[PDB]
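Structure first, then comments.
The complex appears here minus one protein chain, its other protein chains still in place.
Just so it is clear, A, B and C label the chains in written order, and each chain counts residues from 1 on its own.
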Amino acid sequence: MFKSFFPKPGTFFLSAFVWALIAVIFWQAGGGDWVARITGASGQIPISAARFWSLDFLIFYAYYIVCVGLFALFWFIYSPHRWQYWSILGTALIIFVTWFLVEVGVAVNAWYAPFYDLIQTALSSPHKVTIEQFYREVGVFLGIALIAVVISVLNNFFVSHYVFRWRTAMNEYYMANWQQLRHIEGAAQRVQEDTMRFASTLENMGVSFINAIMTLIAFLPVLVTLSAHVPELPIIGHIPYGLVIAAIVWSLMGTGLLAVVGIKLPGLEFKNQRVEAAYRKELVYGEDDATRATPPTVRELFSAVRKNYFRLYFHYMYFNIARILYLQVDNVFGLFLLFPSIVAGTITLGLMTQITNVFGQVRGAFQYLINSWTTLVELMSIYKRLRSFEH
Amino acid sequence: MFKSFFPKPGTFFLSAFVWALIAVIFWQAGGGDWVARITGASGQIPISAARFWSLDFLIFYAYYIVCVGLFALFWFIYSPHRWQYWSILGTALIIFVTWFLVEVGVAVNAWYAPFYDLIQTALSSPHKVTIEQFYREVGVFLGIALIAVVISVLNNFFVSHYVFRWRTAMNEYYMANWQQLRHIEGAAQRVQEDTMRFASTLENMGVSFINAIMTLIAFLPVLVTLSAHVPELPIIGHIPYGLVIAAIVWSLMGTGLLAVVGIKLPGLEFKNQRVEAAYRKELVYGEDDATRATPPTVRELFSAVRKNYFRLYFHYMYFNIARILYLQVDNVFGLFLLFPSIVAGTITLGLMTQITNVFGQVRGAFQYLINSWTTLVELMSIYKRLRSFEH
Amino acid sequence: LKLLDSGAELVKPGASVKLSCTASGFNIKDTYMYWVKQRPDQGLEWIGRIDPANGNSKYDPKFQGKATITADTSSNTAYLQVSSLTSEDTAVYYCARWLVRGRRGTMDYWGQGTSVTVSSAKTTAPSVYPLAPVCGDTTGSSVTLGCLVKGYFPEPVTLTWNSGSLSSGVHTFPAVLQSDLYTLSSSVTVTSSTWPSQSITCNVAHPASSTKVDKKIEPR
Partner (left out) sequence: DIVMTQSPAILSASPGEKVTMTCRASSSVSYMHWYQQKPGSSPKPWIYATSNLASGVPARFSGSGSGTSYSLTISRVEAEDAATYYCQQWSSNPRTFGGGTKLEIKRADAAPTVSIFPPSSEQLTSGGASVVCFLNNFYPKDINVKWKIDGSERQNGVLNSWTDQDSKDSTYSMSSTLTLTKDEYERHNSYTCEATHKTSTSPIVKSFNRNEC
């Protein structure tokens, strides 16, 4: 969000946000599908990897292109810039490819139903299946996996290049004004590594957040249309949208109660950082001078690094009991909701696995906030250091 | 492997190796199980979480204590040390807890079969099951998961403390001898950062590797005793040991071939480190004194930082196509070996899941080398820097 | 292929019976082995099946609790056990075999069937008589002779003419029941030059009570 990259870090982000909201409101619920009325959008969707050329998708490709084109054009005219192509359109393309990979996930999900139905028939009545059907199932699965491989490789290439352009941009901006910036302590260190660490970390966290929201939004309608085969929840009885309610509560409440019981940790980490840095500086004097060693003071500084840095090792069992309990109970809470339905024999092996996989995919793609802890330790420190290193 | 901690970094590691191998050979094949003849070793093992006190496990606990006690006594009397208790017994206990968690994994795997067999029976005939049986199944699973949670939490606490004790040991050694060590440039960076980074990275890599080997040894016999049901593999035909051979080949060739296609990478990483350091060091001089800016010079240095920093993003597609292909085929290779056996109707839903889970757990425990780039990038740099920082 | 069903079997009301069907020429691990019942109303019914490779069975829900099917892959065989026989279990039971793995050739082959008769009366032995034409009837170019067996129980009875050497021009009628007795006849039509020029006789055998009687059709 600096000045050299990203035309104006003020109105740009707000304008982009409200424009995204306007476009989504027009398409999703305001009845955008009536463009599918003008053209012959059949609305029926295959299961193989021939999914991604039918008009049902191709319309959406065209509409995404048009929205980004208009938004980028306005800013090209209103406030010109140098890295404008990377800054606007590269971000557009990264958003779009992330959505595409989510769609691949949905396709493989919808494929698990026929395969397992076939296996159930092959186990219960062996004269109805012949092996070529198994081989065709494997054929279509590999048909999808190939497209997943190619897109993933190309996307990683592009993301890395975009990040390096961020680095070269803020490097040029800082190094153009070296002389006024010359006398601050440790200029070389900042302009040598903080630029890369800040850019790379910000990229990774932004992508992870958008990933989580898109997985959730893409998987809710499946559960809405598939919750008709599970009338009764295990104990509470009958609830109109039992499945969707249970999924939302479990996932979101799990993350919420996980990230509110471990809230004290950032302060302790920052305190440890500060005391270690004080020890560093105190030693630095003892490197050129003579009367700075002072074994007593070095002992006191080390004891400060010790007593203080056990509190972190202790207020961490609290955050590791909760995470393990949640991550273990989740292995069977997904299948705990289908006991009365299984006993009554309403679902078939194949709506069991599709639902279990829905829950598994939502959980496995919501793994960020137990591994996106970085935003609490270094990136804040790097932003504050590099802003205060700028008058 | 320093002199402060781990009494003697010389004969010690050879001694540990030869003793571990001798004890393993005596127990496994030499028929040490005649201790099982002295006692009333029943040899039949339940599936509940009363598994971990029957005599078959208890003999093993006592035997492990005897071995480590003898090996500890010999080095407690041959040549003493200051941190001997930590350096010997702490490492013994860490290894033991890793083995124990592998055993918990095996227990859950052995639980998978009756549950899914009960589900198959329930689906095929609504007239045989009642909900109490399902509640009991989930009961035994939670019975095991409780013990897994407790052990895992306590283990994390202990390993973090032991690592801190390593750090304080080498810090004491380095600060005891400062006067000679004072005059080496950049010593403060060394004594403040290199020690902690070194200890933590070493611990992590070592534990990951031992976990991998122990998983392999723990799961081979199950595959041997369960391959009596799958005689004929699909294409080659009939092989005496189809499953074990296929599992070993897939896992070990997957890793070996995946880490030979990506062999050039550490050289490129080192070169990038060198050119980054050169740019940094040049920038330090221009901080404190006369102009030393030289825009032509900074442009030359940056172009060298660039051109040699793109080649890493290009000799790195070769390593992602292979990895993604392997990882995406693996999802269905486990189930591709059981088409003819399902058709022949020998394996039932519940002996299929055991096999799928065996393959999945071996794969999920052989993931380290995709995350082992750190030890090929930063650990050797730290070791070379910190040894070269000693006369 | 060859399937060899057991022999006929008469039983007492309320008892139970065990039947067998041995398969030679293939390995019963590759097939089903179901059973089928055909009451004298020629309609056919289904009883149950079994997969010998793992040992599952499935039954017609009306017939569940009455008759059970078990197999034994050691010596290729299947068995069906019917219990509580009543007046409505006079039928014929056919095994079979359906290929399910290794498809080639006739995909269904039916055994021979074992008549089962349930009632209270006891056995009896047959009584055979020759049949001769009346006097003065030898003006035609061909003559007909007959052999009559009367008053036996239960089925079946095997009748043969000249130990099977006379297989042309012979008619044999189905049996009928009359007050716990059965009766069937036969007829042979031969050229008038053959008789009484060449000896002729009807061979009858009844395995139920071990009867083997032969009589020659001596001209009046």
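Just so we're on the same page, a contact is a pair of C-beta atoms (placed from the backbone, for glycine too) under 8 Å apart; a residue touches a chain by one contact, two chains touch by 3 or more.
Within the whole complex, the absent chain has one touching residue among C:24, C:86, C:106 or C:165, and that is C:106. When the omitted chain is restored, the residue from A:79, A:125 or A:374 that touches it is A:125. Of the candidate positions C:162, C:187 or C:203, contact with the hidden chain is made by C:187. Contact with the undisplayed chain is limited, among C:25, C:40 or C:174, to C:174.
Where chain C meets the missing chain, the touching residues are 42-46, 58, 60-61, 94, 105-108, 110-113, 127, 129-136, 144, 146, 148, 150, 171-176, 178, 183-185, 187, 189, 220.
The rule is simple: only the chains that are shown with their structure count from here on.
Chain C has its Cα centroid 74 Å from the Cα centroid of chain B.
Separating the centre of chain A from that of chain C, both taken as means of CA atoms, is a distance of 78 Å. Within chain B, residues 343, 345, 348 each touch two or more of the remaining chains. Annotation for chain C: residues 51, 101 touch two or more other chains. By the touch criterion stated above, chain B contacts chain A in their complex at residues 119-120, 122-124, 126, 129-131, 134-135, 138, 141-142, 145, 148-149, 152-153, 156-157, 160-161, 164, 168, 171, 175, 178, 182, 187-188, 191-192, 276, 279-280, 283-284, 286-287, 293, 298, 302, 306, 309, 313, 317, 320-321, 324-325, 328-329, 332, 336, 339-340, 342-343, 345, 348-349. Every residue of chain B that touches chain C in the complex is listed here, in rising order: 343-346, 348.
By the touch criterion given at the top, residues 32, 51, 98, 100-101 of chain C touch chain A in their complex.
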